[PDB]
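Participant: Listed below, chain by chain, are the residues.
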Amino acid sequence: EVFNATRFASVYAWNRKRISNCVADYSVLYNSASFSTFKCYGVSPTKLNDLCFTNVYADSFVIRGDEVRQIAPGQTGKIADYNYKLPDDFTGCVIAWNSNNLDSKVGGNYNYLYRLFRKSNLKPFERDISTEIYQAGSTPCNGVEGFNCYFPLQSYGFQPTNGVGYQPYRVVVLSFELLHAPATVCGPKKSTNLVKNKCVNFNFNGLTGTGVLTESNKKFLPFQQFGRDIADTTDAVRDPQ
Amino acid sequence: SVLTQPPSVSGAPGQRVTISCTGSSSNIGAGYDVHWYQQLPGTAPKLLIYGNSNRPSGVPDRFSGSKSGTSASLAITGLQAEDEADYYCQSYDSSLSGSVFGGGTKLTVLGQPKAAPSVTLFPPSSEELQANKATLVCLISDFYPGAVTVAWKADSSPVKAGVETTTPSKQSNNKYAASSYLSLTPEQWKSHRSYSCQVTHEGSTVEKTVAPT
Amino acid sequence: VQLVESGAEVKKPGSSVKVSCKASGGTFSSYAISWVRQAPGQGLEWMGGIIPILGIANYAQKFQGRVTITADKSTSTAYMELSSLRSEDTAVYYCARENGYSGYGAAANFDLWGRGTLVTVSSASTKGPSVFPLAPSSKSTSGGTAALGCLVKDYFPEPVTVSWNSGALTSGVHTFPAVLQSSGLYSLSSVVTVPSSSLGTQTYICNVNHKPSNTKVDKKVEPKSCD
Amino acid sequence: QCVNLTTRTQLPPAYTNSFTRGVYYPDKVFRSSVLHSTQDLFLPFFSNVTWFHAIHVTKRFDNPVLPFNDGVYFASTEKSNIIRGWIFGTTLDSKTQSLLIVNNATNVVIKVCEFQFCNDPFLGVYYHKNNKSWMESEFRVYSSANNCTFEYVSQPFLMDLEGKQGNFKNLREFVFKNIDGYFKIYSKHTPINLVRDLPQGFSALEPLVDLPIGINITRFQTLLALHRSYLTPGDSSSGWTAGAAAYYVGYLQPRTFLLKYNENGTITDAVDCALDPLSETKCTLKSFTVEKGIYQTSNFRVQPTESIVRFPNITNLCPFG
Ligand SMILES: *[C@@H]1O[C@H](CO)[C@@H](O)[C@H](O)[C@H]1NC(C)=O
Ligand SMILES: *[C@@H]1O[C@H](CO)[C@@H](O)[C@H](O)[C@H]1NC(C)=O
Ligand SMILES: *[C@@H]1O[C@H](CO)[C@@H](O)[C@H](O)[C@H]1NC(C)=O
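Residue numbers (the deposited numbering), protein chains in the order written: chain A, 340 to 580; chain L, 2 to 214; chain H, 2 to 228; chain B, 14 to 70, 76 to 339.
Keep in mind that a hint or two might mislead.
As the list claims (entries may be wrong) - Have a look at the derived ranges for each label pair, beta carbon to beta carbon:
| id | chain 1 | residue 1 | chain 2 | residue 2 | range |
| --- | --- | --- | --- | --- | --- |
| 1 | H | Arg38 | A | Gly502 | 41 to 47 Å |
| 2 | L | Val160 | H | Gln3 | 29 to 35 Å |
| 3 | H | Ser167 | B | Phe157 | 52 to 58 Å |
| 4 | L | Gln189 | H | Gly145 | 34 to 40 Å |
By construction, these hints were calculated from the structure, which means they are not laboratory data. Don't be surprised by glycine CBs; every beta carbon is placed ideally from N, CA and C.
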């Protein structure tokens with residue numbers, strides 16, 4: 340529902356999702372063949388499912404096609420410094436794709452907003468929802484569209500008949516947290532092909548034994564996982580598949 | 002919806018009374034600030050505390066707000082004569098794409114001692130019979146508190162049709178009063194022998210009957 | 002500042018409602034304005050918020066495309082339009098103001114609220130009210146105090162007031178509230194307490210004022226002769 | 014919220030004897046045709062166990083705060099499902115991480131939080147006049163709760179709310195252990211036709227779900243439910259009814275037990291090694307049958323009860339006074 344929804348949010352107030360007490364697989368997010376750009380700093384894009392962390396912070400907002408290069412640590416501009424700042428120790432993983440047939444319509448879709456003016460810089464990972472008129476001059480104006488007072492929040496120009504570098508791009512960033520806590524959301528070895536009657540090596544959560552897997556004729560009680568024998572040897576392990 | 006709250010909480014006038022708001026990990030536990038409001042029955046709600054760290058102008062400093070992980074807490078010290086309202090917990094939810102309020106807790110004292118009621122039964126007048134309807138009224142007055150169970154009978158069976166009870170309002174001498182109607186037709190009004198209104202109040206049952214003929 | 006809203010309003014189940022939001026002074030053309038509703042029985046919902054500077058709508062996913070909120074810059078007022086009403090629209094709306102800030106939370110707060118607009122809808126629409134006299138009997142009066150009054154039946158809508166002799170009677174008056182019926186209608190009562198020695202000299206007249214219907218019925222009260 | 018009770022005439026608890034009770038699965042592996050011994054918390058046979066009554070016909079209602087040791091044995095010959103749940107904690111003043119494992123009529127609620135436990139939390143079943151069924155309405159277990167982390171919902175279980183005064187038809191055993199902060203629950207229902215003096219039958223106990231709470235538990239207390247019929251005025255001061263129930267509270271001792279495993283893999287017999295010298299011979303030899311001969315089980319060491327240390331005879335006082 341974060342990826343596929345009826346509508347999205349803006350950049351001054353974006354959607355914040357926390358992934359806790361869950362398990363996921365990042366293999367279906369790589370073989371989709373539908374994303375435009377894919378950058379993943381701090382960790383390799385194909386070896387991030389084995390190493391897993393504490394928490395996953397995912398933020399979702401919309402951005403134009405010419406500003407997708409601004410979501411990176413170590414540059415200055417207009418959007419990456421007034422709406423969402425990227426720190427130096429940024430191990431996030433950004434995913435962007437084009438869905439111009441849903442977030443735009445004929446006549447002018449101006450439902451999403453952005454902030455243009457700001458007094459000073461802001462700390463990264465901080466949301467700014469201030470709707471105050473940024474004063475440019477030295478005199479107070481008391482909320483009027485007069486001189487030396489301009490509104491920081493301005494509208495977009497999304498049109499579905501545009502080119503490539505100015506279309507509404509759905510951009511999401513997946514950041515990880517590293518604290519003194521055990522692994523919660525994690526990627527565990529998935530599920531390989533089941534083979535039998537060969538000299539194989541398996542690791543069923545309690546042991547690493549090398550041998551064969553013959554079909555037994557005894558059914559176990561539905562509360563055990565392993566099985567010993569007379570000679571005190573674990574030679575019967577229930578397959579969790 | 003996504004925010005649940007206890008239905009009622011008890012407290013003492015002089016001790017510390019605390020309340021909690023529990024939701025999900027995407028609206029309150031994600032990092033968004035919480036806002037507490039007071040819903041007084043008879044005026045518009047105002048702002049009490051925003052962000053659980055600042056104090057607006059016009060609010061006392063007895064309210065304390067804190068966020069312990071995924072849940073927010075509100076603690077007060079001393080129960081005055083203005084805390085007969087409801088407390089709601091409001092947080093910005095991303096799954097609903099907007100702000101959503103909580104359930105609401107009631108914290109009002111009963112303060113309703115017992116008294117002796119007095120009923121009056123009035124039969125319909127002559128001008129009301131030609132309107133193809135019959136409104137049997139049942140007025141109760143000078144009682145405390147306003148919790149009266151109204152039942153009707155026709156000397157042979159209880160009436161379970163057309164029964165209505167109104168909410169009692171406060172009088173000028175700190176009493177309550179209410180009335181009960183019975184929507185009937187004049188065709189069967191003269192066929193029965195009598196009509197009566199039976200009520201109870203802490204076991205006290207007062208009966209009054211009239212006769213159309 | 003202060004925000005002034007309209008009073009009570011009733012409509013039909015399937016028609017459109019037209020309420021407004023007035024602002025006293027300024028600080029209305031610079032901050033966002035939202036609409037918060039409240040119904041007895043459930044919590045408080047949030048329809049959407051409208052920015053008056055750019056004129057951009059921002060609703061929620063729980064409300065479909067049936068309500069539209071507009072703004073005006075010439076007189077600094079806001080209007081609310083909602084058609085195809087249902088049976089659960091009996092609630093009250095509030096004209097609220099939003100003041101954003103900076104921080105890690107950055108949540109929308111409602112520091113300034115409105116007055117309130119009671120918008121109730123049901124069947125049994127406005128018709129002609131019917132009032133009936135009530136007279137005490139010889140059995141209902143045992144001492145030197147008699148009970149009598151006037152009952153109002155089949156009246157709509159609220160609120161309706163009852164006066165005794167154009168406000169000349171103050172001590173001993175009691176106005177009873179309304180009650181929902183099976184047909185969606187209301188009924189009230191109003192009785193007084195007068196000595197028995199004034200029943201043959203001074204007359205008691207009830208006058209009902211129904212400003213939404215513009216009906217003023219002036220009826221006579223007389224004691225019964227058979228009892 | 015909770016209310017206080019009124020002082021009345023109660024009945025003192027009695028002491029009965031157990032007969033081959035308190036045997037469960039000591040591990041999560043499969044064993045067959047092997048006689049293996051382990052060192053876990055079990056119940057010694059033919060030991061003195063406490064007995065508490067719950068019948069009405076009088077007015078027996080005792081629910082004391084018993085100290086929770088390393089492994090307990092809670093056996094109940096339940097008939098009409100009177101006992102609802104159990105609570106845990108140390109001081110019960112919203113200071114530690116208390117436990118609440120209750121079995122309601124809708125679902126099992128296992129909520130480890132900081133509820134405000136009163137002096138005597140009990141469930142209330144009120145009898146409706148128009149509806150001829152026993153429904154629970156008085157939910158008086160705790161007052162409130164501020165913030166907690168663990169919350170788990172178990173499988174739904176249907177219960178009967180109607181209480182009678184007849185003989186029991188079922189028997190339920192519960193084992194609560196706490197090793198390395200992990201909570202263990204061993205439960206299995208077994209039909210039996212008896213009132214008291216439990217038979218010498220054998221029945222294993224299988225676990226359902228392990229709860230990694232990671233806290234220490236030193237006290238525990240059971241919860242009882244009462245009925246509110248038309249014979250009682252409906253006040254919880256002196257007039258109530260509780261049906262008929264009998265629960266046993268036993269403390270598991272760290273004693274080694276020899277288990278028997280058949281071809282099916284279930285527990286058939288249990289042999290102790292610190293209760294009887296006949297049972298000590300069978301587990302030490304790892305055989306359930308003993309022939310004629312002399313064997314050696316253990317040793318006999320006499321522990322010293324006194325310890326004297328006398329370095330001088332008399333301390334000669336040099337002149338300092
Ligand atoms: C794993 O899933 C399969 C199919 O979804 C099921 O047959 C099997 O019982 C599951 N194993 C478990 C729940 O341990
Ligand atoms: C135990 O299992 C065996 C075969 O696995 C079966 O023959 C026997 O009846 C079972 N015992 C029971 C179900 O009590
Ligand atoms: C200790 O003192 C006692 C009595 O004063 C004496 O009989 C004994 O010999 C002494 N032991 C010595 C000096 O080792």
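Participant: Does each hint hold? Answer for all of them.
Facilitator: Do the hints match the structure? See the list:
1. Hint check: H/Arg38 to A/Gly502, Cβ distance near 43 Å, so the stated range 41 to 47 Å holds.
2. Checked against the hint of 29 to 35 Å, the C-beta distance between L/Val160 and H/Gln3 comes to roughly 51 Å, which is inconsistent with it.
3. About 56 Å separates the C-beta atoms of H/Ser167 and B/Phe157, a value consistent with the hinted range of 52 to 58 Å.
4. Between L/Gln189 and H/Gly145, the C-beta spacing of about 37 Å keeps the proposed range 34 to 40 Å intact.
The structure does not agree with numbered hint 2 stated previously, though it agrees with all others.
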